[PDB]
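Here the structure of chain A is known, so what remains is to put chain A' with the ligands in place on it, guided by the hints.
There are 2 protein chains.
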Amino acid sequence: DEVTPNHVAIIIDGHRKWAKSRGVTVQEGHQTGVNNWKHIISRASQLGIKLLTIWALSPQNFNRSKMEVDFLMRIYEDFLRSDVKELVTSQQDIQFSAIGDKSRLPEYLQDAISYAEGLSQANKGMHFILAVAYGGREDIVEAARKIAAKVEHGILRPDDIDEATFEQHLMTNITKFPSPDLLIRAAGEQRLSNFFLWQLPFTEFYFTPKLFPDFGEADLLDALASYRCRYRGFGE
Amino acid sequence: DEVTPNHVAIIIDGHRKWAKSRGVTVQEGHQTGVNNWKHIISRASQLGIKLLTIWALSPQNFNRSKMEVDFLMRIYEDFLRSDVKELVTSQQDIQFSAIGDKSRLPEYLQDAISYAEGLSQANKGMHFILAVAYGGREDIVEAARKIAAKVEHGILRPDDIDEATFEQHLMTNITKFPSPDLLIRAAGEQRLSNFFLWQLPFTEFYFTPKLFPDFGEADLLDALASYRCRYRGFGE
Ligand SMILES: C=C(C)CCSP(=O)(O)OP(=O)(O)O
Ligand SMILES: C=C(C)CCSP(=O)(O)OP(=O)(O)O
Ligand SMILES: [Mg+2]
Ligand SMILES: [Mg+2]
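As given, the protein sequences belong to chains A and A', one line each in that order. A prime marks a further copy of an entry chain.
Okay, so the first sequence: first residue is 64 according to the entry's author numbering, each after it adds one.
Okay, so the second sequence: first residue is 64 according to the entry's author numbering, each after it adds one.
Extracted from the complex, chain A is given alone in its bound form:
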């Protein structure tokens, strides 16, 4: 229904603050966060959103402690193995993709991604992108490299490079809705932290102080209601 975004993206944050707050391990913060994802993806599907992207891991995040990063990777494998398998085989019929530098991930996580993508390859329901080892600068540079390789091999001239060409070489080339209509960021910070950059020229931003382990279906609804109250003029 028109006032329903095609693409919603979410930046998860606030997991350690939440753990600190509740006297509990950061790992428990992360696990309680990841447990919210399935209800959010269900909700977005019911609402008629066409693509939901959840950003789970930036390149910068690899500079955290080894054990924190390894626990995240394991939780994501588990998420892809249970929750995602349930979503793509439900009547929601979700299509699953992962975007990012998947070569940086543990082989097991790469395999779990392959499995979930293969299992959902023919599905026709809402697309769900898990962005993992995904950074917006890195996307742009890698697009630039792919375009330059084509120029090197004669397939493309420099003056042929336009928005649309640049767009077809990003990691979001797997969707016809690469640009989010609505970007949600949990935990109160007002910054992109090297998420999408090319993708965001007209995206509506919604920032909630809610820490992501507390973030549920009602918080998605709240962001959507803010969205419907926005006037989008696109410069003109």
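Rather than coming from a laboratory, the hints here were simulated on the basis of the structure.
A few of these clues could be false.
Residues of chain A' placed beyond 12 Å of chain A at every Cβ, according to the derived structure [said to hold, decoys possible]:
| no. | residue |
| --- | --- |
| 1 | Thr-88 |
| 2 | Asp-141 |
| 3 | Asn-236 |
Pairwise CB distance ranges (calculated) [said to hold, decoys possible]:
| no. | chain 1 | residue 1 | chain 2 | residue 2 | range |
| --- | --- | --- | --- | --- | --- |
| 4 | A' | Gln-253 | A | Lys-239 | 22 to 28 Å |
| 5 | A' | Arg-79 | A | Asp-64 | 24 to 30 Å |
| 6 | A | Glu-91 | A' | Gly-86 | 56 to 62 Å |
| 7 | A | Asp-285 | A' | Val-66 | 28 to 34 Å |
| 8 | A' | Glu-149 | A | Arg-167 | 50 to 56 Å |
| 9 | A' | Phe-134 | A | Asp-222 | 29 to 35 Å |
| 10 | A | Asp-225 | A' | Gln-253 | 26 to 32 Å |
| 11 | A | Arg-167 | A' | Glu-215 | 26 to 32 Å |
| 12 | A' | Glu-215 | A | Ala-281 | 52 to 58 Å |
DSBU-like cross-link-like pairs, simulated, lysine-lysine; straight-line CA separation at most 30 Å [stated by the list, open to error]:
| no. | chain 1 | residue 1 | chain 2 | residue 2 |
| --- | --- | --- | --- | --- |
| 13 | A' | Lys-273 | A | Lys-273 |
| 14 | A | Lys-209 | A' | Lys-213 |
| 15 | A | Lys-129 | A | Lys-148 |
Virtual Cβ for every residue (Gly too), placed ideally from N, Cα, C.
Relative to the frame of chain A, chain A' with the ligands by itself:
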């Protein structure tokens, strides 16, 4: 002083809402807005900010009425002819540059830019960038084209393309602070509207409901105070 941003950027907005609100012409809205710029640039200089960017005109804005756009162009000529001439010849010793697709502008505005840039070429004070006919997508594509031309002529291989190389071909290559530390947007909308994109992976965003004709030195101070209260973790 450390907690002072090197680069502050401002998105001006809310001029027609302000005019509507006060029963006055949109053109008067725009002129009252542009009259605020000099006190903002002075203030940023006093505060030890190293670069202040004011975004005045996007490519999208060219889809407004002819007369609105022509009035903006004339006001900008006048700003560059009086206010900017005063700033660069004051003891603030401001260095003036314009960024954007300057070929799309009226020759007279192009000449006014040339004059102010030439007059300030040797200055050592705060840099002031006026971004005019500047769009973030357009920046990235034009960088991509310049890099591809170099690849075509053998100066660069595709695997040589890294962040830093990509950065030296954007329109912000004129500063050593291309990425704003703090981005201010007046008038209550929470979106970039095709301003900087590459430039913004870690920029702090500050959104004020104040309509830009009401925006003064205290509103800069308020954004700076919010800035100093932000915790910046850069992913790690
Ligand atoms: C081009 C600028 C100086 C500011 C961008 S705000 P503008 O009104 O042009 O664009 P939208 O609010 O997205 O409609
Ligand atoms: C990588 C994400 C899933 C979210 C970005 S929030 P993160 O805490 O990683 O980064 P900062 O707040 O800028 O320190
Ligand atoms: Mg965080
Ligand atoms: Mg506006």
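Each hint, compared with the structure:
For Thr-88 of chain A', the requirement that its beta carbon stay farther than 12 Å from each beta carbon of chain A is met, with the minimum near 19 Å. At roughly 23 Å from the closest C-beta of chain A, the C-beta of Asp-141 of chain A' stays outside 12 Å, upholding its exclusion from the interface. No beta-carbon of chain A comes within 12 Å of the beta-carbon of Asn-236 of chain A'; the shortest separation is about 15 Å. Taken as a hint, the range 22 to 28 Å holds for the pair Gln-253 of chain A' and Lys-239 of chain A, whose Cβ atoms sit roughly 25 Å apart.
A C-beta distance of roughly 29 Å is found between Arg-79 of chain A' and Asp-64 of chain A, which places it inside the suggested range of 24 to 30 Å. In this structure the supplied range 56 to 62 Å holds for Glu-91 of chain A paired with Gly-86 of chain A', their Cβ-Cβ distance being about 58 Å. In this structure the supplied range 28 to 34 Å holds for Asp-285 of chain A paired with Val-66 of chain A', their Cβ-Cβ distance being about 33 Å. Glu-149 of chain A' and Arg-167 of chain A have their C-beta atoms about 53 Å apart, which keeps the hinted 50 to 56 Å range intact.
The given range of 29 to 35 Å is respected by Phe-134 of chain A' and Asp-222 of chain A, whose C-beta atoms sit roughly 34 Å from each other. Hint check: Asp-225 of chain A to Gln-253 of chain A', Cβ distance near 28 Å, so the stated range 26 to 32 Å holds. One distance hint, 26 to 32 Å for the beta-carbon pair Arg-167 of chain A and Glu-215 of chain A', holds here, with the actual separation near 31 Å. For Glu-215 of chain A' and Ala-281 of chain A, the Cβ-Cβ distance of about 54 Å falls inside the hinted range of 52 to 58 Å, so the restraint holds.
Simply put, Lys-273 of chain A' and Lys-273 of chain A have alpha-carbon atoms about 25 Å apart, close enough for the 30 Å limit, and the pair holds. For the suggested pair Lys-209 of chain A and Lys-213 of chain A', the alpha carbons sit about 15 Å apart, so the restraint of at most 30 Å is met. Restraint check: the Cα-Cα separation between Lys-129 of chain A and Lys-148 of chain A comes to about 28 Å, which is no more than 30 Å; the hinted pair holds.
Going through the hint list in order, the structure satisfies each hint without exception.
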